[PDB]
Amino acid sequence: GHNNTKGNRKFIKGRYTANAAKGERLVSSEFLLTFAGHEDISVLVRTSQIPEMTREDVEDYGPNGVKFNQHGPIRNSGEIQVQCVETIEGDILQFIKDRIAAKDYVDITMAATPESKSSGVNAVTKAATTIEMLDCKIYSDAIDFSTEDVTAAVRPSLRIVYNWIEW
Amino acid sequence: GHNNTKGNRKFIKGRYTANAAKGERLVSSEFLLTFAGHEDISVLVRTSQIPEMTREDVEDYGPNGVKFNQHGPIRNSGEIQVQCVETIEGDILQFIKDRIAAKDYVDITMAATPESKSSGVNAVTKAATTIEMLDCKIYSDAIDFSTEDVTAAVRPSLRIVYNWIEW
Amino acid sequence: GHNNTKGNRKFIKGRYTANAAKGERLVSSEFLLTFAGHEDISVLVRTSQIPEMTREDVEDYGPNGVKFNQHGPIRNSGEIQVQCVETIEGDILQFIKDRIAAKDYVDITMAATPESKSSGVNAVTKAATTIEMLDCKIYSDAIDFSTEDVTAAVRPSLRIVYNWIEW
Amino acid sequence: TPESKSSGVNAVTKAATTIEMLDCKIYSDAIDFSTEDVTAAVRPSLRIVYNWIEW
Amino acid sequence: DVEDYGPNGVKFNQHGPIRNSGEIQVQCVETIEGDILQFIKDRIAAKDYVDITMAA
Amino acid sequence: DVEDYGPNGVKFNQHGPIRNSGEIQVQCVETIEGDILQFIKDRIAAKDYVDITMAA
Amino acid sequence: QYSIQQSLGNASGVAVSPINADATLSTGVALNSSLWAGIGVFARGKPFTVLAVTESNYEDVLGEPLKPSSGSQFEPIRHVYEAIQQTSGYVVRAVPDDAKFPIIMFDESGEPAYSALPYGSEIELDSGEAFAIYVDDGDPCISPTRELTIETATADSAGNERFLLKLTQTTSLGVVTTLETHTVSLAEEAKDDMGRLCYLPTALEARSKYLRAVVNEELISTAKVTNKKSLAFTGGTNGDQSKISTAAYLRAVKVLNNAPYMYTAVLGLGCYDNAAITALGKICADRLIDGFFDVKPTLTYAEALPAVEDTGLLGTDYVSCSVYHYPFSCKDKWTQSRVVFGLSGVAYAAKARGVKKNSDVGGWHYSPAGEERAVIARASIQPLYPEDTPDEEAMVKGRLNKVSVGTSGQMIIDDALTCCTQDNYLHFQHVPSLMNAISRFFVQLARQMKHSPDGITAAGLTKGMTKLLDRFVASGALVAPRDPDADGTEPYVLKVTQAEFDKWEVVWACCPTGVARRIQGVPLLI
Amino acid sequence: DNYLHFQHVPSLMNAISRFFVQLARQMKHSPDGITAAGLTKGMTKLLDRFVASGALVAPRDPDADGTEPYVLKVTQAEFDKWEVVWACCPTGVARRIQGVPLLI
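Residue numbers (the numbering used here), protein chains in the order written: chain X, 13 to 179; chain F, 13 to 179; chain H, 13 to 179; chain V, 28 to 82; chain Z, 4 to 59; chain D, 4 to 59; chain S, 7 to 532; chain P, 151 to 254.
Warning: the hint list may mix true and false statements.
[Said to hold, decoys possible] Here are some, though not all, of the chain S residues that point toward chain H, as calculated from beta-carbon distances under 10 Å:
(1) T151
(2) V367
(3) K473
(4) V479
(5) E496
Hints in this document: simulated from the structure, not taken from any laboratory.
Yeah, the Cβ is synthetic: ideal placement off N, Cα and C, and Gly gets one too.
Could you build the full structure based on these sequences and the hints that come with them?
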């Protein structure tokens, strides 16, 4: 039917070895947050993010219809969505109440801690996969309670706005 | 029931042979990106695109309600969505950090590398299926981390804006 | 329970015969595009459309709230979505590159070619089911490439704008 | 035209369930053709605008 | 089969396009010399299409 | 396999990329010394990849 | 730019002929919905044989229309042109006795001898003559001259000798055109450059539509042919075609009768002979077919009514035969010369337009008359006998149809009546038409059923008839009875009765659709 | 005057002949060898491919000749003589054009 078909498995073996040459793929379940002076909440986090890390773009239409996009100033501030689990002693509620009561800025460190790169009972982090945010504000959201959800646990949603990204 | 029915399988056989006359159909999993001087990242790409290939259109209403659409200037700049996989050594994060730190423009080449057209362990590209983008800016996006995703590997999303398309 | 129920299968038989009196129903998989001087691309088309065939409408409010809609000028130009399959020799890509490189207007003929109405190996068309579009411009959209799509084939999307409909 | 209210091979209509539209304009729409739809038949879509409703 | 519904509830099934491609299952026996294994290895290694004749 | 539909209702199946990874079932028996249990415990404790040779 | 030639030769080029001050361009299209038939007199054509003509062949077949100044010879071609705008048909040509076709005989040396023979006669070769070539087409070469040219060609591969035979046409002015060329060999076993046979009679019969040849077997072997210039056929003529005896007309009608092409209408194309019209009506009644005929148009209103009775159609035997009368005048299409001819082929056009509405069974219930189906498209209409008024009631009693002016302004056929004196709902045109169509369908069904293993059976004859009658009800031809109390609601009744065992009987009754032809309005004042 | 002074007519037949020669050379390695049945399937496939490419077209007159661009048949006289023949209807070229202006 098709006269162009021809098999070549040496090439496929080459691609397989080239892909496997690099080490591993980071599983998305391996991370850690610090929250500066409140290090007891690091266990309860369940979802995190990495900031956008983009720039503004400037559009200029040249002679005729020629258009060029150019780099702009760095984007500093943004938002990050974080979800936490809630205990029966109100750790997250007390944390949010304290944050609202006194205007504070908290530094947050985002790191990746794979099982392969660890010594003893302590995780070890790498400079390449570590990012930092400074002067962050922690805000809460509406928390849903309902019956007939016997199989679910309450999970507050937190909204964090950073003001500088450093690495 | 239907008096118009009539069978003719010579016509269908002719259609089948005419369709099979051409060689093959390109599979969407066969491509390659180069990224100019950083050729060590070509392995980690997982999704790419082809630029738009369009023109601006000019609308003119003639006498009565007669309307004509006319060719306009070419469209140079656009966006391309590219997804890469992430390793435990942060190749993609380091690449994006370096790109943000220093304002740079990188030339990106997109080519199709089918298994049938290959000699030895090296793929060969064709001028008809090869496209090039010049003066590109590489920007990142929000990277999602979460627990309970033990079966998934983290995949950052990249946004690339090109400024000229050449072939 | 229901006192108005009554059976009448002569009426149903009459409806069945009246409906079956007409010949056949056109299956949506039987059509053909011509593309004027490029008749080698007719095989690779996979989806097409028929123009809108509408008119503008003029609204006038009479005494009290009486309203009337009146016929207006014919609508000439529009858009048609056409999908094609891609081979490993870049036929569609070369066609699009050539069309963008030189501003051209191509005449496109759409017709239905059922198997029942055919003689020998050649399809025969009917004037009632044939429509024509003149002075068309052929433009492309973004083409998606991705791995883990081993069961799919790459299919470019084409956007065609016509300027006159003739029959 | 329900089956219950019919005589012979001819349907009979009722004034209560009958409505009329006058001075209508019939317009077409885009008609879709595609392969791999071997189990479907082409069905044009029509758009009709009426100017008076009478009963 | 193309499916249509007429006035009221009448229904008609209509002849459609022919089915070309499909699947078929074959069971065979293996010898010492690895005939079938080598045959399948060769078929996987190089893409090709062959023509099969079935007779009753 | 890659499926395509040509003009009218004709259809073609095309060779695709090779299937690399898969799953296989093995059944074994256990001795008093805990050979298989200790083997599985060692495999789970330390991530590793081994090579298996199957001969007829 | 560069030079431009006037005529094409063998070189590759584009040529433009000189500007023509006067000429006409005519298009054409083919359709085979309904097939008509008739007889007539024309310029050229093979006489007393069935000829199939379409919209693109009625000029090549048949011929150039005869000039109206000749008199009474121009009507048939106009009728054919009017009728052929819908669908094709069949024509049989009638020719007078004093008609001859040309022929050229060749001596052993190669010199030609000219003569002519009557159409009925057969060619007999005199001793000392090798072969003769004559014109198969019934075309006299009087006004357009046809010339024959002979020249030698390369010998065959096996050694046989062959020559080129060419035919040319020259007009009166002097313009010369090329018609046909052939390679012909006198030897029995010879082959063409393409591999085909070159024997003269076989080649002429196969790939020539103008000429035929007859050879003398005894003396063909030792025959020689030399190059000759143009030789023109002489002696071929057509007698006075305005005077045609009844015998030729009856012969043409008999030729029509024995034709297997199964046409659906019979037309009287300008034939005003009573015996021929009665024979055509007999053909019409034989095949269960409609028929349209015409009385002489120059007759006044008073004399038209007896002329209908002159023909034998008026009676009970010939149902579904219509007679028209059109005493008006119009400008001819080909030459603006104010000719007068009747209405045959205009009624058939209306019937064909009505038939084309339905595609399953045809919808024969539509009457030919009306302002939509039947229109007369002619240049300028002028009454021949103004300030005269026909007696419409007398015409209705006389089964004669009338023509009136429509709302738009063009002439319209305003009635449709058949030649049946009895009051049987049969003088309406469509009522016999439905039953004839149903009868033809039944005949076709019964012919096929005879090949079944059992054969013709009463049980088998009911299912098919029910299916066809249901289809005819669906098309709208059959309607429910007007009074539901007296008669049942069903449109048709099919019943089978048995007396003894030898005699069976199958009967079906039908309620035909009615037409709307008389309307009355009654104004009032509050 | 064999329709052969046109350039493409001999070229098509020469290409078909070369394809047939290559097909028949391979078939000599078949365990059966060269057979009449074997020589029909491959030639039908090849001629269908040429028909699809546009080289062969249907005859101009459908009444006189059939609607098939090519006719392949096998003839048998006694047992020792077999015969395989195929006929083709090549595409025509446009080289002479004439225009006839008129005046209304």
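Right, here's what the structure says about each hint:
Annotation: interface hint on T151 of chain S violated; nearest CB of chain H at approximately 42 Å, more than 10 Å. Interface restraint check: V367 of chain S against chain H, minimum CB-CB distance 9 Å, threshold 10 Å, status holds. A cut of 10 Å between beta carbons decides the hint on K473 of chain S: the least distance to chain H is about 8 Å, and the hint holds. The criterion of a C-beta within 10 Å of any C-beta in chain H is met by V479 of chain S, whose closest approach is roughly 7 Å, and the hint holds.
Using the Cβ-Cβ criterion of 10 Å, the hint placing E496 of chain S at the interface with chain H is satisfied: the shortest such distance is roughly 8 Å.
Comparing the model with each numbered hint stated earlier shows that hint 1 is the single one that does not hold.
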